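J.: As a plain string of letters, each chain reads:
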Amino acid sequence: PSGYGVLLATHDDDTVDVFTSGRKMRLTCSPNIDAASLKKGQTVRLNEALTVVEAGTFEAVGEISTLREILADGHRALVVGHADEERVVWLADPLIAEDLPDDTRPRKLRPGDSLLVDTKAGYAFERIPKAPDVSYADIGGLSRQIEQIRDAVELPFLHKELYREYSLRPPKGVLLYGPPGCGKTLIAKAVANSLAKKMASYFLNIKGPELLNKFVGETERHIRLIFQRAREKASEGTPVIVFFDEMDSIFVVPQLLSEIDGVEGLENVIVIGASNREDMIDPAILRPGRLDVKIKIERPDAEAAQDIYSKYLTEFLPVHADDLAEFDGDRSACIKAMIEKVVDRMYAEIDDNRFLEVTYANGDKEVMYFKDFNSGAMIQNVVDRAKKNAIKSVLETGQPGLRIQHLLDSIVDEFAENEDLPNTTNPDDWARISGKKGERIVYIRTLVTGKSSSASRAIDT
Amino acid sequence: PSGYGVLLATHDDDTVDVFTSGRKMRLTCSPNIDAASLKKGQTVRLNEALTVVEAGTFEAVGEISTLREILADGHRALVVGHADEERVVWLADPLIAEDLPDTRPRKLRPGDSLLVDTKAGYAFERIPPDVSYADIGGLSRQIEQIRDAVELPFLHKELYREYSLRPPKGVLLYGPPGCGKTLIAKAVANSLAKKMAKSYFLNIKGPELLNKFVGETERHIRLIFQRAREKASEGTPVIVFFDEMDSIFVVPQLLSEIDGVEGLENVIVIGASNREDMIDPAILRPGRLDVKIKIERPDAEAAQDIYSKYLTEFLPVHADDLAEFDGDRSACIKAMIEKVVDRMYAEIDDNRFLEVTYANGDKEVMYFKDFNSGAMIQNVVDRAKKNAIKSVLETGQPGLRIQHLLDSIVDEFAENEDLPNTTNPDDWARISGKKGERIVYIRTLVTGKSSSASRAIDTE
Amino acid sequence: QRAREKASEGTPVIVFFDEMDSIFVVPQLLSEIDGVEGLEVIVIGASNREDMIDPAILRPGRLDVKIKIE
Amino acid sequence: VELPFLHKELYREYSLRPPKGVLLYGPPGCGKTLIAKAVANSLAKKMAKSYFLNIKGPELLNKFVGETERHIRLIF
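Protein chains in written order, with UniProt numbering: chain F, 98 to 199, 208 to 236, 247 to 315, 327 to 377, 392 to 601; chain G, 98 to 199, 209 to 234, 247 to 315, 326 to 377, 392 to 602; chain X, 354 to 377, 392 to 407, 409 to 438; chain E, 268 to 315, 326 to 353.
Take these hints with a grain of salt, some might be off.
Unchecked claim - These stretches of chain G come out as covered by chain X in the derived footprint (C-beta under 8 Å, 3 or more residues):
1) 517–526
2) 556–565
To be verified - Partner residues aside, some chain F positions facing chain G, computed with beta carbon under 8 Å:
3) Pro98
4) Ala157
5) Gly178
6) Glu182
7) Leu221
8) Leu337
9) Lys340
10) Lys527
11) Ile531
12) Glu557
13) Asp560
14) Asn563
15) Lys577
16) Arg580
17) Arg585
18) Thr586
Please keep in mind that the hints were generated in silico from the structure rather than gathered at the bench. In this text, a Cβ means the ideal position worked out from N, Cα and C, and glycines have one as well.
Using the sequences and the accompanying hints, generate a full structural model.
T.: This is how it looks when you write it as structure tokens:
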């Protein structure tokens, strides 16, 4: 029958300090045990006579405290409990271990990491864990933009001494702004990956919708965690990219501004914002030194649609024998023609392509065609809808393949689906329309062809 | 006289680690007891000499902490109390047991309330669709649209696979009120719930959001989504319904937890809204709610289709009306149906429901033919049945006759005129839309024969 | 639950909400009314402003009969 | 800024109190950070350890601290 303890300090005379039972004492050591090979925080064992007879393991269970820092000693840490009390505790030997180099891995420590502690003993023992193949070739119609982004991203890191030649500071961050369904995170991942191979690089992605979210601690400590996660590739020499989606959801703010200039002195990290509404974005985050380059992901034009459909329509899709029948069996020259003959029907100015009627302040009434109102998401929608049409076509008619018919009818159905529910629009589009006309917009309604189950809708700004 | 303790670790020399009183220890063990069969967390008991004389059960009472992380090695757990402080404890034998599958223990996972002894550092135990499409009237378009996006992907999965087509995650039912729109969600949750060789059912409504009762409502949004994950690791389909989603639109959690179910295509998430204006478009984007399905005010033939359900041939139709039809029951009921449906959708001046004054000075009269709904057809039915019962009590003979339905219609219309709560901004959107001019004033018209009076309507 | 007592007792009272318009947070009432659905207890309610009343409690199966006192 | 510190004896002779605050206002970009730093520097060497500092607006409501009514006391 014998008790335990926690080793606090070793001395030269074989007498040792060990924490046991709500007070502190000094004990001698059994001739069996070795005083030099003992470590701080190690759970030891005392016999009835109070003499340590055995060295054990470390305490694996206890309180959890978030560790902000390691103070001037290096043998101690200042930890914060979840009751918002701060406490100084001794660092056990395995934590301070200099064996551990720079995610579940043995490491050294740094602010934000969760530490297992015994409060009255004052010892931190163990850290508790919490636990991009795309290229520009896959992105359609955006060549202007990919040029701009590669100019703001690749060119700086490729030529750096030529940049320092002209005394030119490489941009810290990129803005991707425009219409809602036009472009996506896709572009960010694309520049990430394309820059990622210069040899002879790890992605990063964080979307807006988790901010106010709990399971976390709401507004409070994490925003700097990611900036630490990026920091380890940053002092490496392998570039890493911080992407923020849904940035318009962020308009509390203050932390990010300090954190961007925090990474400003660092050559090796780029931060890319993406917003569907650019009138909302606080210009402070947009002023030079934070996000220098504003790259507009504007709505695809007539040809860009061809370019995107090219991505969505491959050879690999089943295509009707009748549609190949006119093209002499050549599959590529069948899909090509299809594509331009959907895209042509789509940007047609005919009376079934009418999307809006905008009534201005001066009484002028202008009509908007889906021509101006397209987007990548809408095209994808058309493709998928046509595939479904092809599927239930196969089911009832028995003959396989996707003909041009499915595509066209997908177009009219999709348009009708937008006429009924125009949430593909936003105030950005109104600002642009009104700006072009030179008048304020006092009324908006969707136009219906009358052939459909879709009806007109007044739209509010 | 004897003491108790909680065995912590088993050792090879027969000695055993125990938490008790102050100064917790490891103790010599009685030859009676075996050190191999001893298990972790198990409450043992010792004599005054501090030798363990008995191996007992596990502690059945104490604190409750919600689990945060099932962690790595051997599974000691990270848990949380609502003082919002976190604690690392050992898991007792019954918890890490490899005998459990997915009032009975099944494999543990985040969110579970666990019974723990804080000092000892041990957790011992865990603490805990009949409608078919055939019933729903006048929805023929919509139902097809629903199954195409729900049933068709699941039945034909290979045929979707050949076309590189991702099956849709969730559906948006939208439109004015009165069709109730829930019966559709139930009916797809049911018609899909038998694909064998019952597969499923559930529901949840928006109105309980701010509502609390058991627990505070911040993270409910997780627990539900994992309970949906039970049948996700099973292969039997699950449909998460959000009623009154226009009410919710803080938002952020749902958007993530919907992405959580993206990789698992065995779960559908349906939601409904009576005003589609207010919905955050983020949730309507491709991959989240792909299929938008409009449940719309029913028209004359759809109205017939609805009346057909509420009048079964099993209802007591009066002799007078059957005699007309040569005693044919079905033909009589059909005929009554087209009679009252034709009466309802008349543009006669007694069917007038609204006067709508636009911004341009125009004024337009809305008849009731545009404001019909399942709620009002059912209302007409019920009031007609009531008239049938009163007719029988006073006149003595059985049966429901066409006049009951007609008088029920004029009374229902009259009731709406006085209390037009059946209208919502979704209607003024489509009226203003069809006109092409904003609406500045709305009022109800009364025939004058009623006790009901015109009232000014202002919506938002 | 109080009403639930006089249900089986065969001596029903009715739940009367005066100034109901002033009530509309909402959610629980709906469920608890749906609870007495299989029982016959009637729920009367009165309002001097019928504008504000959330139609959710007025849909058939909850408060079915609207009676104007003019 | 410069004038009252250089010439304090001349200020006192005219019974003039040196200003405490200085406001820079107007449209951006207008590097008023630079302007503050510049006036802080030109003053900084008058001999014959004049320091330097600035804080920025963004750190107010954000907390590694708790409510800001604390900070505004230890910075001063």
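J.: Are the hints correct? Go through all of them and say.
T.: Going through the hints against the structure:
1. Proximity of the region 517–526 of chain G to chain X, defined as three or more residues with a beta carbon under 8 Å from a beta carbon of that chain, is established by the 4 residues found.
2. For the region 556–565 of chain G, the proposed coverage by chain X is satisfied: 5 residues have a C-beta within less than 8 Å of a C-beta in that chain, meeting the threshold of three.
3. Satisfaction of the interface hint for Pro98(F) is found here, the shortest Cβ-Cβ separation to chain G being roughly 5 Å, below the 8 Å cut-off.
4. Given the 8 Å rule on beta carbons, the hint for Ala157(F) holds: about 6 Å separates it from the nearest Cβ of chain G.
5. Hint status for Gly178(F): holds, given a least beta-carbon distance of 6 Å to chain G, under 8 Å.
6. Violation of the interface hint for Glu182(F) is found here, the shortest Cβ-Cβ separation to chain G being roughly 10 Å, above the 8 Å cut-off.
7. Given the 8 Å rule on beta carbons, the hint for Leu221(F) holds: about 6 Å separates it from the nearest Cβ of chain G.
8. Hint status for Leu337(F) relative to chain G: holds, with the closest Cβ pair at about 7 Å, below 8 Å.
9. Interface hint status for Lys340(F): upheld, as the beta-carbon distance to the closest one in chain G is roughly 5 Å, under 8 Å.
10. The interface hint given for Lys527(F) is met, as the beta carbon of that residue sits about 4 Å from the closest beta carbon of chain G, less than 8 Å.
11. Checking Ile531(F) against chain G by beta carbon gives a least distance of about 6 Å; that is within 8 Å, so the hint holds.
12. A distance limit of 8 Å between C-beta atoms decides the matter here; for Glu557(F) the minimum to chain G is near 6 Å, and the interface restraint holds.
13. The interface hint given for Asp560(F) is met, as the beta carbon of that residue sits about 6 Å from the closest beta carbon of chain G, less than 8 Å.
14. Interface hint status for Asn563(F): upheld, as the beta-carbon distance to the closest one in chain G is roughly 4 Å, under 8 Å.
15. Annotation: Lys577(F) was flagged as interfacial toward chain G, and the flag is violated, the nearest CB pair being 18 Å apart, outside 8 Å.
16. Below 8 Å, beta-carbon pairs count as interface contacts, and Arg580(F) has none with chain G, the closest being about 14 Å; its hint is therefore violated.
17. Hint status for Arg585(F): holds, given a least beta-carbon distance of 5 Å to chain G, under 8 Å.
18. Among the interface hints, the one on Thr586(F) holds; its C-beta lies about 7 Å from the nearest C-beta in chain G, closer than the 8 Å criterion.
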